[PDB]
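Position chains A', C and C' relative to chain A; hints supplied.
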Amino acid sequence: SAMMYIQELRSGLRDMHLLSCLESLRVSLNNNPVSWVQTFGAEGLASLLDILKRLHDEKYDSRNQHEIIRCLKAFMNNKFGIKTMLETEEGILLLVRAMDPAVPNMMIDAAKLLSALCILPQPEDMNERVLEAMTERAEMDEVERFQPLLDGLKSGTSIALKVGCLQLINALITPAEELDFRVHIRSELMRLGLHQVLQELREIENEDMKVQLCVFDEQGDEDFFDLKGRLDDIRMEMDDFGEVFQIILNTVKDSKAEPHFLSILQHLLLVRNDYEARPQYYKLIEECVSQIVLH
Amino acid sequence: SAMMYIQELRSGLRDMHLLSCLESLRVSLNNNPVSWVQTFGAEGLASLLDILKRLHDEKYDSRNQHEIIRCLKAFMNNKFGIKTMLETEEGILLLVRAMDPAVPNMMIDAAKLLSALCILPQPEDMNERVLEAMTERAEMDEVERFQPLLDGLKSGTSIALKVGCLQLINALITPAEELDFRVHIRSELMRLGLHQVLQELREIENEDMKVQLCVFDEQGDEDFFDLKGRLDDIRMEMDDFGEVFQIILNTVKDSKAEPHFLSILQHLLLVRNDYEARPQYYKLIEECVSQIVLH
Amino acid sequence: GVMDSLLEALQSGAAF
Amino acid sequence: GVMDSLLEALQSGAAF
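Chains as they are written, first to last, in PDB author numbering: chain A, 135 to 193, 200 to 435; chain A', 135 to 193, 200 to 435; chain C, 1180 to 1195; chain C', 1180 to 1195. A prime marks a further copy of an entry chain.
It is possible that part of the hints are untrue.
Unchecked claim - Pairs of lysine to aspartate or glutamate residues, derived as EDC-like cross-links and limited to a Cα-Cα distance of at most 16 Å, are as follows:
#1 A':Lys187 <-> A':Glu276
#2 A:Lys396 <-> A':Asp380
#3 A':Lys396 <-> A:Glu416
#4 A:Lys187 <-> A:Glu229
#5 A:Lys393 <-> A':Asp379
#6 A':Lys252 <-> C':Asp1183
#7 A':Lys396 <-> A:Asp380
#8 A:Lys294 <-> A:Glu229
#9 A':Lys223 <-> A':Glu177
As the list claims (entries may be wrong) - Partial selection, computed: residues in chain A whose CB lies under 8 Å from chain C:
#10 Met216
#11 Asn217
#12 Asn218
#13 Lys219
#14 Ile222
#15 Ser255
#16 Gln307
#17 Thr314
#18 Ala316
#19 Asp348
#20 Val355
What the hints assert, rightly or not - Facing chain A', from chain A, some residues (calculated, C-beta under 10 Å):
#21 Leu290
#22 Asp291
#23 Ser295
#24 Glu318
#25 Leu319
#26 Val351
#27 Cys354
#28 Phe356
#29 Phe365
#30 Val392
#31 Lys393
#32 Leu410
#33 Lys423
No lab work stands behind these hints: they were computed from the structure. Positions of the beta carbon are idealized from the N, C-alpha and C atoms, including for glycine.
Pulled out of the complex, with its shape left as it was, chain A reads as follows:
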């Protein structure tokens, strides 16, 4: 029954003839029980991913890769599936690889495909797996790990794309137990220009887009608050250069974090003394960094 497809992928299929075979495969997956999916198992899943990477390598047939994504969604739509997608090496990585501004629909299907893994309860820290894998692609071609998620938040993009961006961002924020983490990557985002564009993502009136912001803003705010609660204390104690150096030496000294901090400081200390508006100047950077860590 199932074997018929496993061979079809291995039998060196190609543009157009592949597409067809892939379509039928999806539809067969969806319109079947759970036990028929098992028989496709790891072996079948395997071959699907092989074609993906092989198809990525090459540089008419975006439609060809897309169907393998849809196949996966269909395949993963159950216990067995996702689990066995998770056991793979390049599984989660290739889903990520499918994201991009150039093929709106594929990214759409790739994003929510990952998002549903994040908010998975029992395989703890799935958001960590996703974020790791998200990183690994940013070197093959050497651009930043988030620029996909921001590319699909411009002028031109399908308003359905935008929902799937911020939709992923939430799944890559909510289950994260460490507050430091969430503000970290949220600041990563806004460094690329999320705050420059997030203005426009309220101007658009939508039903499914604004159940997203109503969980994002809910977070970006319940973090900001809780963070002051910690900063406010630091406004009290670290009142003193002494209190600063005291902490700098104890925590930012013999931890790889040092040469970074050292640099930050070196940059800060650049504006020579006798600059009349130096108070004003440092005031300016004050708000810069403050916007960066808080807003």
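Using the frame of chain A, we list chains A', C and C' on its own:
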């Protein structure tokens, strides 16, 4: 001869009838000698500015204020004129006040009107007068002192507006003797989003727009270089927390600049210890602040 | 059919 | 006519 106009402004003129009188006034100014302009002198100039502010107060007749700008340009087009515009109180301030995205042409005429004052040789630091005056308007309504110059660098704006923006920016950068100053306000700009838009101001192919960037980039670069020359030394000496604290105490201690610096530091020191990616995190802010002070 | 339940409860997200 | 000379030598700026 000249008196005839001086009375015309004082005689409580109004919409449409004012416009007419203002047009003729401009054209008379332009098509006259230098001695006829003297007779209009301070008294006449005076009344022109009175109408301006009076016209600003109020909230069909943008065309009305504009003509007073053109009148000034015409009036200032010589020795005598500019000098006597400079002797005023609210002179330079009102020119600034004329800048805005809402009335493309007026701002156009207001900008270059100021720009030509900056690059004035003998009344030293005219760029300082302009920048001071530029500030004072940012409180009447409480928005930032540069957002005009950036508003006119968007989607929608006349490509002639854009030339007059970056055109002013150059006049408010080149004659400034202190390097610290130029990077200061350049960073002020880019904080509002100049680097986000300056991308687009090369995409447009223009003849007069790209004699601007060929003086701006010439600056933004001959500053960046020269600044490293100073930073590089600081990469050598301040190799050590000791060397940092040593300098922090000597220069950032009893100078109003303190409570700013103190804050910067407090923000930096927020990310609690045990955050696994804390090295990564500080790495991120590294580039943020580094982009801010250098790029 | 499972990951659909996780998908709707995503746009209309009560899985938070 | 003076501030015109400062104006052209602005777009085509040799007053730097």
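Hint by hint, here is what the structure shows:
no.: 1; hint: A':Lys187 <-> A':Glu276; verdict: holds (14 Å)
no.: 2; hint: A:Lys396 <-> A':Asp380; verdict: holds (15 Å)
no.: 3; hint: A':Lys396 <-> A:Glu416; verdict: holds (11 Å)
no.: 4; hint: A:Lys187 <-> A:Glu229; verdict: holds (12 Å)
no.: 5; hint: A:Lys393 <-> A':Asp379; verdict: holds (13 Å)
no.: 6; hint: A':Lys252 <-> C':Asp1183; verdict: holds (10 Å)
no.: 7; hint: A':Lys396 <-> A:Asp380; verdict: holds (15 Å)
no.: 8; hint: A:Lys294 <-> A:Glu229; verdict: violated (33 Å)
no.: 9; hint: A':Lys223 <-> A':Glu177; verdict: holds (14 Å)
no.: 10; hint: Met216; verdict: holds (5 Å)
no.: 11; hint: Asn217; verdict: holds (5 Å)
no.: 12; hint: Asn218; verdict: holds (5 Å)
no.: 13; hint: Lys219; verdict: holds (6 Å)
no.: 14; hint: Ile222; verdict: holds (7 Å)
no.: 15; hint: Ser255; verdict: holds (6 Å)
no.: 16; hint: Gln307; verdict: holds (6 Å)
no.: 17; hint: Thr314; verdict: holds (5 Å)
no.: 18; hint: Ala316; verdict: violated (12 Å)
no.: 19; hint: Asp348; verdict: holds (4 Å)
no.: 20; hint: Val355; verdict: holds (6 Å)
no.: 21; hint: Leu290; verdict: violated (12 Å)
no.: 22; hint: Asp291; verdict: violated (14 Å)
no.: 23; hint: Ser295; verdict: holds (8 Å)
no.: 24; hint: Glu318; verdict: holds (6 Å)
no.: 25; hint: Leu319; verdict: holds (8 Å)
no.: 26; hint: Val351; verdict: violated (29 Å)
no.: 27; hint: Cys354; verdict: violated (27 Å)
no.: 28; hint: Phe356; verdict: violated (20 Å)
no.: 29; hint: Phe365; verdict: violated (14 Å)
no.: 30; hint: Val392; verdict: holds (8 Å)
no.: 31; hint: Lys393; verdict: holds (7 Å)
no.: 32; hint: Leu410; verdict: holds (6 Å)
no.: 33; hint: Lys423; verdict: holds (5 Å)
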